[PDB]
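Given next, in structure tokens, is a single chain: the form deposited in one PDB entry.
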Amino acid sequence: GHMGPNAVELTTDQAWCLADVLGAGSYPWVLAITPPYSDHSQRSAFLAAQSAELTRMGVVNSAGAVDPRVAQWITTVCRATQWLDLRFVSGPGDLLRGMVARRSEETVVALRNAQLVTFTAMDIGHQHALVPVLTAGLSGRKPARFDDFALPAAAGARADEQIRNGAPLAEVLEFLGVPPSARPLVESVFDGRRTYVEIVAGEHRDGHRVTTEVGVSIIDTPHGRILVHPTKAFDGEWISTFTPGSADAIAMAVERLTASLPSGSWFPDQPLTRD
């Protein structure tokens, strides 16, 4: 990979190895980075082979120590106190995972793609600044033009329950409650063609790790970008609300997701915070 002043690109193996050398701990599970070696003989062989890049890159100096910036970034990810897990989904055999990390006041974005992983430190003062990070692995669609509606929770699971029981997708969508004028929209969601990301928030308040039961979804279909965030009904039951995936809407769905955690949202409301 390459080096930068505010970001670095490594191989997933190199990234696991640097975290080992630093004693940073384990990468977040969402990144699905597996150890590239087992015992010392194989660990030594790895350090001897795959280092040449890290010396050429500046990630490791002549004394064998890791660049202090790279080490701080990796540590912000492995010991983050607040975070967003980002599970991107495109075609099969592809692996695109991401995580936004918060440690003290610093923010670091780890984005794993196949055999490479990038660590990017960035300055965030509002959720609106993370939309580009949340929609990175999508298909650059403009927000879809439709009226807000809501389906039962896990509408995709419910839909699949009935497709395996004979009912065609046509009457399935009506059963779920999809407005007639939004049937092509949802049809493209559950039809093979789509790219989406499942977003979940978590923190580490005093000892125990806390995460949100239900997550936020962002779906890119040929009809545009759809935002599906969890809301409650008049009877207190969870439902999946659909709405055009604007940057402001994405920003508010994520903000309310972290606000359900014990330590509230990341960025308190402050006057004058928009560029």
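So that the term is clear: the rigid core is the largest set of C-alpha atoms that superpose within 1.5 Å between two forms. Residue numbers count along the first chain shown, from 1. What changes on going to the form deposited in another entry:
In the overlay on the core between the two forms, a shift of 2 Å or more in CA position is seen for a single residue of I163, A150, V200, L116, which is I163. After superposition on the rigid core, the Cα atom of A65 is displaced by less than 2 Å between the two forms.
Once the cores line up, the CA of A32 ends up less than 2 angstroms apart between the two forms. Core-superposed comparison between the two forms: CA of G177 displaced by 2 Å or more.
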Second form
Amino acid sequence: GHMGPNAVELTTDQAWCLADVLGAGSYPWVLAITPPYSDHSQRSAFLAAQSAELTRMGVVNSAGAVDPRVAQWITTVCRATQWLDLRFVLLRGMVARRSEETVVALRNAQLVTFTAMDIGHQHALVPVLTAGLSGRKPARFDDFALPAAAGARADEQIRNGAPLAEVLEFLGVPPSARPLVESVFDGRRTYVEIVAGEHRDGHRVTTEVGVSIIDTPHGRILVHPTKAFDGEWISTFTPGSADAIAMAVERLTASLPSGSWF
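Previous: the form deposited in one PDB entry; requested now: the form deposited in another entry:
Nothing else is written out below except the one chain.
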């Protein structure tokens, strides 16, 4: 239910219900909210089964009206004009901007939280971007780069059963960097993939590549993309300090038509 004036926690079933009655539209795919009902018979019934609990929490009144703030937040998420998609590796997030309003939607299994936020600068975002991680401090190592497609290719090769020593040796990972790089190509990792988007005259435009933040036993690691003139993308691995993260996400949004958030 309500968690202070600026955040509410709902079941995803409830969140779906609200978007529906508000005519808010659809939740973005990134939140992966499963529909509670397929048709109008099931819709009316599901509304009725949910009505009491929504009233008890003070989110919908006994007459069917939704809390003014919750309605605005849902609307900002479903109709965002600019956003960041957050895929944590079911833990899914989105930072939605509409008009001057910023709302963070955070879906965790059967629950989703909506939090209205003042994000006036880059650094305010970093706690949100790292919420689903492991509280690791920045790793300590010198930056390295490789083609983005090669990193993804290498990752998929283990998903196809290939040996790590073999794969990393031919990527050219030096022995000094093996413990760090092996820890990245390790499922005990926690990470988030960040894609930026905007809605411009009916047209969805998103970044072709994303920013990743990864927590391993070696610390927090930032992976950010740079476009080369041959058209292929370069991934750079670097310590995931708040400063580095904030600058990488800024440059990511700046690559879209409406430009940086900051």
